[PDB]
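Every protein chain except one is present and positioned as in the full complex.
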Amino acid sequence: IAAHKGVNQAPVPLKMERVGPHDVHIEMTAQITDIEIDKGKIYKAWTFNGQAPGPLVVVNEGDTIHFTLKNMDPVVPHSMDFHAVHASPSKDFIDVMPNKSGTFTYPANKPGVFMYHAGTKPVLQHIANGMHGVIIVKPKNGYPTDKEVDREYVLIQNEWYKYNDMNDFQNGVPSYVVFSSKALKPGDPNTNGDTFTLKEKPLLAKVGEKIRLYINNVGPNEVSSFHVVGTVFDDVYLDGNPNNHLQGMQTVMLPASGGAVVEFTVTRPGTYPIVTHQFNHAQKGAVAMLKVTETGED
Amino acid sequence: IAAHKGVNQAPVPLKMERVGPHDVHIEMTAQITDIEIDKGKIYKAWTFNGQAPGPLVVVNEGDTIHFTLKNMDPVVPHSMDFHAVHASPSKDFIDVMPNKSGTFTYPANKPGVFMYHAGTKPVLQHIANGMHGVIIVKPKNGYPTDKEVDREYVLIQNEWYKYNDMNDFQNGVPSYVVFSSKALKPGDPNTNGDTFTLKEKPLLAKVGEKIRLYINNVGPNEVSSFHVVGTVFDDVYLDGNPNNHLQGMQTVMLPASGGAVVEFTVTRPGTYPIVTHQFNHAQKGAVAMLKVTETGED
Partner (left out) sequence: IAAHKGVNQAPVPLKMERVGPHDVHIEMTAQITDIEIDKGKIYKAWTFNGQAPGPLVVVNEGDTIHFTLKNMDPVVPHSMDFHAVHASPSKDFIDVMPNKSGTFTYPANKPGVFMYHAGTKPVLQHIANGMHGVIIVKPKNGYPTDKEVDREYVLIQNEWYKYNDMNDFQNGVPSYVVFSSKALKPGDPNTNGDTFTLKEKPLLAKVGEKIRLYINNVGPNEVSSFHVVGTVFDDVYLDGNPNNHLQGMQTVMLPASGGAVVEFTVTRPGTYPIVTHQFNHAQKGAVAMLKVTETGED
């Protein structure tokens, strides 16, 4: 795209504020931002807010979201689809033109770990170029295992293909498959989907802790066989709904866009790989690390 | 196949009749029929009854099926395997020769949404050429959410490959991935697996309705990440068995041959896409549309 040559729009912080007991404002951008997806490999990504996957959104079950998208892309329209919400796609997930803004309002009435992404045709093109992310909806009644959890993080899996190549997007194997982590609390890492950051700067935990991960596989195209090496998942909630409760799973199958809340105990000090057990994808980047110490600090 | 050159056997209606409180007769054909799978693209499909996927079969839990296959193919033997039934495959799923008929009897003792397909070696060849379909077995006790459902439809996902190309069937990506709908009640659409019909003539519903879809991914080769845009599944019954109950899923993973009953509410007027969220497959045709109006008519 000629109008994208040399364009590298600096990341813009997500804006969110509560405006009522059950109403939340969210303002995001669509923007074109260079991301290092593998060492020495820059992808001029189509992004929300200059991150790919986009920034983490967290709301409460029953919140109505008043969402504004500011399209900074000079030529390509973009839109937003939240899997959390009940909305009319042809009225509420519509395109925002370059240099314009649009505001859309819809309720998040289901708890869980939901994908969000651009919904502009061809959707495959917008997702593959980087316009994906996660919104977490916190259950009103929590999860039955809340009291057991010591520490929590968010992980997202995505693929990267040849740059803006629709033939490759449809018909080719992914060039990279990657994990990223998005911050829930101050001090948490906030990273982009790349092959290396969560290996070189592992997530941190303490010996004996029960860890919760909020996870989603945004695709665009692959399913995920999510596994933490050296442990077993004590409890799994499919899509993050507290009713979809499994126990003692070694590996959790996630469809494309599929989410889960998974919980596991780390019993010994060491470094614990986190993989998709589809090992062609792991080899192409989809390995993160969890470093477990006696004190919890690196 | 030389004996298939110029052959286009007109579709023959499914024949079914109840013969006892727990016994049902079903008569189907195997036939060679041209189907437009994408605009301008004719596939000379191997079919049951001139449809691909084949005609919908609905029976009651506990029905014994007395099934007759009339093979109209001039040269290729075909057979029938119903996933619903308990049968001896080497006695009851056997080949029927060209221009012959065979009758086989077996019970459907489990509720759900089951694949059926030809079971003639190489099975991949018969399925990929179009010999797949769905049989629904209605639960004796229903589903716990029956009283909430306002409207229902059947959707089937399948792939199409290069014509009768076993190398492509085994080793290549699908050329098209498609949805079709099969009629449950008079007035429902009844379509074949193509890239366009359910976009141009969407399924219809009314604002506020809870919709049930009986779904199955017949493959032959891909798994499906089934998702309705703009809603969340309130309830999901894996394989259509009422015991396999999930709630609040954004997306339902279906193995090849996997089925489900999914239920969701459409809260606003508009058009709601229905996809496999493996977006390479969606881009290659696997998007249907649900049009929701204030009155339910187009």
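As written, the chains take the letters A and B, and residue 1 is the first residue of each chain.
What we mean here is this: a residue touches a chain if its C-beta (ideal position, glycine included) is under 8 Å from a C-beta of that chain, and two chains touch if they have at least 3 such contacts.
**Student:** Of B:253, B:288 or B:292, which residue touches the hidden chain?
**Tutor:** B:253
**Student:** Give the residue, chosen from A:11, A:74 or A:273, that touches the chain omitted from the document.
**Tutor:** Of the candidates A:11, A:74 or A:273, A:273 is in touch with the missing chain.
**Student:** For the chain that's not shown, point to the residue among B:63, B:73 or B:81 touching it.
**Tutor:** Checking the options B:63, B:73 or B:81, the one contacting the hidden chain is B:81.
**Student:** Quick one: say which of B:28, B:65 or B:115 touches the chain that got left out.
**Tutor:** Result: among the candidates, B:115 touches the missing chain.
**Student:** Who touches the missing chain here, A:90, A:170, A:225 or A:241?
**Tutor:** Answering carefully, the residue with contact to the hidden chain is A:225.
**Student:** For subunit B, which residues touch the unseen chain?
**Tutor:** Touch set of subunit B with respect to the missing chain: 81, 83-93, 109-112, 114-115, 119, 122-124, 127-128, 166, 169-171, 219-223, 238-239, 241, 243-244, 253-259.
**Student:** Residues of subunit A in contact with the chain that isn't shown?
**Tutor:** Residue positions of subunit A that touch the missing chain: 173, 223-227, 229-232, 246-253, 265, 267-273, 276-284, 292.
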